[PDB]
Amino acid sequence: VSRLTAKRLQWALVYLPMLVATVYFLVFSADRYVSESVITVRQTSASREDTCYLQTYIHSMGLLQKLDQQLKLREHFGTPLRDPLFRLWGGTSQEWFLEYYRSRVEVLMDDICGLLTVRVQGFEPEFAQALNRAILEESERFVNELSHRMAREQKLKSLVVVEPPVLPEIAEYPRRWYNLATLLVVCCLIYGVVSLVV
Amino acid sequence: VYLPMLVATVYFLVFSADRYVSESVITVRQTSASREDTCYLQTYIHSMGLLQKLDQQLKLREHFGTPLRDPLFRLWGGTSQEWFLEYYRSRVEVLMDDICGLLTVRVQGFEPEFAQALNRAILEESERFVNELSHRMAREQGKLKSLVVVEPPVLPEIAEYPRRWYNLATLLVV
Amino acid sequence: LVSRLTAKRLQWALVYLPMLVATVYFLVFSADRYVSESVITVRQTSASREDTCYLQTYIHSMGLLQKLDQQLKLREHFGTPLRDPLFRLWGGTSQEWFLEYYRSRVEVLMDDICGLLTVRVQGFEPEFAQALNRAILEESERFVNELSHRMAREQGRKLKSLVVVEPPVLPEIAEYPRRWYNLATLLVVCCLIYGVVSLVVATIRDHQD
Amino acid sequence: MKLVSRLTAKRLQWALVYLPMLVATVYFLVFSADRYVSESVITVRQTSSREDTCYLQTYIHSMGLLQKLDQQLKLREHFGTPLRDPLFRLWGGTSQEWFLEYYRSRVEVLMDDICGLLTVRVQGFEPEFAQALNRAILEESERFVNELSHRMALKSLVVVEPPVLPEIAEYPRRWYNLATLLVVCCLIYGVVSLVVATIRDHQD
Amino acid sequence: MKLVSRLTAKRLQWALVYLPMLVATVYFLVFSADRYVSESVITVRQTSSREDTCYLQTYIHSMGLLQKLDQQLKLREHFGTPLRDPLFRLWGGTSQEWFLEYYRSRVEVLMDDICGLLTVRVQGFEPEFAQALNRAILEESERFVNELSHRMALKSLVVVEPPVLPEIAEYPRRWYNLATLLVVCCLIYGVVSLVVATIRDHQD
Amino acid sequence: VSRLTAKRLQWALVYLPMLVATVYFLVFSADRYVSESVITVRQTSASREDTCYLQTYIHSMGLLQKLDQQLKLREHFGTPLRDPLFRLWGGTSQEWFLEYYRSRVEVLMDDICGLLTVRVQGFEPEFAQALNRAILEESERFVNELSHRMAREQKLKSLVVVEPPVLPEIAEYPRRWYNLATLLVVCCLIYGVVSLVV
Amino acid sequence: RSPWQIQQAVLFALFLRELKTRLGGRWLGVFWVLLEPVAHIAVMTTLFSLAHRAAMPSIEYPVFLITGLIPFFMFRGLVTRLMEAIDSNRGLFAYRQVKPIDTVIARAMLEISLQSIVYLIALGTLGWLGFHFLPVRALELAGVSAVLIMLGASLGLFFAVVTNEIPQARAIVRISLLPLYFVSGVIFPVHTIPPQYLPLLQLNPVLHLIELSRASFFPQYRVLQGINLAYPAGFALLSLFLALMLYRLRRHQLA
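Protein chains in written order, with my numbering: chain A, 1 to 198; chain B, 199 to 372; chain C, 373 to 581; chain D, 582 to 785; chain E, 786 to 989; chain F, 990 to 1187; chain G, 1188 to 1442.
If you are wondering where the hints come from, they were derived from the structure by calculation, not from laboratory data.
Treat the hints loosely; a few may be bogus.
[To be verified] Using 27 Å as the maximum straight-line C-alpha spacing, the simulated DSS-like pairs for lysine-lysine come out as follows:
1. E:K853 <-> E:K940
2. B:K341 <-> A:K157
3. F:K1146 <-> F:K1055
4. A:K66 <-> A:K155
5. A:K157 <-> D:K736
6. A:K155 <-> B:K341
7. A:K157 <-> B:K343
8. E:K787 <-> F:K996
9. G:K1286 <-> G:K1207
10. C:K530 <-> B:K343
11. C:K530 <-> E:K940
12. B:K251 <-> B:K341
13. F:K1144 <-> E:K940
14. C:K439 <-> C:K530
15. A:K66 <-> A:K157
16. E:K940 <-> F:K1146
17. A:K155 <-> B:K343
18. B:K341 <-> C:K530
19. D:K583 <-> A:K7
20. D:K736 <-> A:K155
21. F:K1144 <-> F:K1055
22. G:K1207 <-> E:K787
23. D:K736 <-> D:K649
24. B:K251 <-> B:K343
[Unchecked claim] Quick list of simulated restraints, FRET-style, between CB atoms:
25. G:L1416 <-> B:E309: 40 to 50 Å
26. B:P202 <-> A:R175: 38 to 48 Å
27. G:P1366 <-> D:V598: 42 to 52 Å
28. B:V347 <-> C:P390: 52 to 62 Å
29. A:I112 <-> D:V741: 21 to 31 Å
30. G:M1243 <-> C:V573: 44 to 54 Å
31. A:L16 <-> B:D216: 29 to 39 Å
32. D:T779 <-> A:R175: 35 to 45 Å
33. A:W96 <-> B:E309: 16 to 26 Å
34. G:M1243 <-> B:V205: 50 to 60 Å
Built from N, CA and C at the ideal position, the CB exists for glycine as well.
Starting from the given sequences, assemble the full structure and let the hints guide the process.
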């Protein structure tokens, strides 16, 4: 009972989420260009320690303050007004700003080669490339100043850039078709599970 | 079932007090074995002498009792020293990352400024403790170990730990 | 007899009598035991694991107990609570039993990854517990220094030191006598035992025909 | 219901076996293009390590090296020459990301842990171009290693096997792929036919 | 089957429970002798490791040390004093091997791998003699270590716990052994009674 | 199954071996005194290598030649004429002599402490002690000569004696009662297994 | 007659019946029961002799294995032979004196007797060969053995009650008994295990009982953290109470 007919249950379950997901993706959702860089830390004459230091420091809060003071991150990230999900709403909390920044910037560590891959998302390729360059420069300054504080208690290490920040041509995200197909798959599975219970 | 949900909702949405969290990330390194001093510090943060120093520095006993409508997370008046130590251990969270050797300190508090001040006091007392612990062994025969701050204490803007909706959903699971 | 047992007799013999005995002992005749906790380590000043092991063995030794008894009169102190017969040190006992009692009162735990030795000293007064912990720490440091000195003399200034991470803390309230937790867990165990016994006797009585 | 009876298993085996093999055979024996492969085996040592070899492996598949090679040898123009092949031809006006993915598909880098020797296999539509691209990759890799050593403040590239000039194409393997597709299509047709028979029996 | 019929139940429990417990109780509460135990904890360190302590452990249970101690403290005469005890008394006129086994039974040497500290527990029929024997063992062990170091071409014995003077006997534990024997006898009697009932039923 | 009766078959299978073994052990078998020594090798002002060298060398053949030339081992080991099993028959092969010597002299190695225990059996308490002392002296001379040849190719190591060869008072072997009880248990088990097959 | 001698007579009768049917032919099953542990000791010694030699320089492999194995054989028998005690003797519940739990306790008693006889014989053999054979704390060993026996009997009765109509349940628990043989530390000592897997193994009462029995057997045997007797004792008591309650509820449903 409870209006368990196929047409009404399907209309409540399958088509409406899929249709809205498509309209949001193909009409409303904005795109995010990705700039990639690959780096590592070497001594100018223990390295994994400073690599982990940098991995923690990139996702920190003081670096976010420096980046916002430099490139006006909070002003740029709120420009797409037709994407209520991936845009940074004005007046949000500092903690939510940190979560959004951590979502937009991905840091991957490969331990066997000791390499750090930084992928920075943006709404403009130039902004993403500039933000990646600023992150790299601030990381080098941070490790240099960390080495310098022990001397000031009374240029030591350098940042090796295997691949510099690239300038993207097209947007790697949001991958509308792949997400829509995945949503179709999970929705069909959920409908099958629900229709099992009769 | 309905009565526990009713009382939990009216406690969380009306009576529960906000608790702001300040985060710091540190590590101790010899100024040219650091794991030993890091573990000494990790033990020292939750010690009793450190809590005493913090008590006559910032008066945590008065601050933690300022709320009156949140008896669950309130430091009641006239409580014992051991229960006060347990409360302080519950409020200050220390985490260790061994593959990087980094110590994360999260400080709770009903006011963000007091939480940040508490974290800064903890950091400076830890540095002084490391220096004095080395210095006593130094002059038993008769400044070398500095604590670097990967992430300095932050000033929170909104409460984090009173996750009302998440705890309500978790109770709905049970 | 077995066939003459009733439910109320089983309840009184199993559940009620131990409940009353435990409640009377814990709420009236139990003596408070304050605990003072300290955390220490030993390192050279100018191989620390071997010295931590030496200290762990030496704390529970008998010569240290002899010095502590001569200094602080532990035997006189521990016999003071007359109302608690289980946890008091009865006068005129043996030296071996005195050593066992001292080893029971003083707890020593070791963190090998951190290499930290924590000592929890029990006493019937907080000041005495703190004083005993301080005396134990001082004697441990003196023993380490004496071992280094006699090694150096047999070969032919303090060369070894004991670092205290957390000094002995003066307790405010008793910790180890846990009346309510023990009462609750014993009540649960007693109810389970009574249920099992009643089920077994019902199964036995099932064979009446 | 009606749809399951519509196959009659004859159109079913035609649409699951005959059409895919016919299309694949036509593409492989008519439109497929040769792809000559040149192989080199190198490693890095100090002229007086493993991490430097890993850095080289990461650097070979990077975008700066691809830009340098496209400026030097004009890879983008060369890879679009086989207009007969629609699949393995770099179409005109593609994006930077598509060019990077195509270049990463053509150039294959392999490393073994026991020996620590890095092998590079470079594809092309001409043996001379494949050998030239492999030599350029090696030269730029050694230049990158030397520049990294210089800017750090004395390393050399050990070329165990220099790039070779291939004689015939090896990768567009037609008969092996045709046999693999035949096996896959036969298994898929058998499974589908069994399932459709089961549902045809169960429906009524 | 007639023999097991005479065994019945009363005779079985009288011959399997009553007699062993009566004999053990009489021996423990009448004829058993006190054995005071002195404990020491030592290790060897160079003045300036584990192997030397292991050599000491082997040396303590040796025959040369036993001969030295028998010449010094007259262990053989002392261990024969408790004529009331027939079991734990060294009978006169025994062999060298029996004396060595008895001495190895009285003196117990224990090792832990984590700490590397060697503990020696020496039994006796007098606390003073047990403490004296422990002190003599320690002195001869340190002398042996020093002599080995000298004849090799500078070592000392660290005494964490010096030998103590016991106040009461601890090893002739009467009530614990009586309870253990009661449990063992009860289990043995139950098993034997069940088996004898089974074979009595099966035989006829 | 012709003589499968319990009486005759149990007589033949069980009791005759027990009787002959009992009379051999309690009438004919001779006793062997055991002398024990505990040693190790130390470097004078890699040790396990020379310990293994000594373990192999004690059970070697040239050492047997030296010991036979010194103490007349083959003459002594043939003196009990009423023990046909454990005596060394005259005129035997050199290989059988080596096997007999290896059976009489037992070498045990403890790797954790690196100690070598040598137990020498004999038909006389003085002979076993003398043979053990000769073995120890020859082992020390062997390691010294091994170092000396290496030095000569153009006193270096010493033998540490934890326990010297003791002088036995009674014979540790052949353990007549233990062997008889073990044989009784084995024979009873074999009889039960055989009588199972009926 | 009193309602107690009836139980004794029924238990004796069922014990005799089950001993008769268990020993096939002229007692051929005792040879099988004797050949399981010697075969096990042979294969595991041949495999991990050097492994135990590198593990700890205080215990030889045969005695460690035998005191870790015979109690586990006790427990496995008390689990496996007890679920089949109800369906096999289903036809006997028509004589006005036989109840379903009588066969269960008879099987438990026979398993106790057989495995205790095997334990005593094997310990005597090991002592005869020259190995260590005397426990240092016999009373604690007896207490641990009694706790393990009670836990095994309780689990057997609970499974017999629960899976009366589900033979496939008996099959899957017979399958899962085998991993319990490897996760109980029977073969190899448990302190040579990474600590991250330590708490997950702290939930197995059989491991606690095996470790405590080995501690009460061997001298100066080190026991790691969280091997208290309270947890397995409470587990056994709760399981026994649950099994008795379930049997009392589903009492008249057994034909």
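Against the earlier hints, flag every one the structure doesn't satisfy and list their numbers going up.
none
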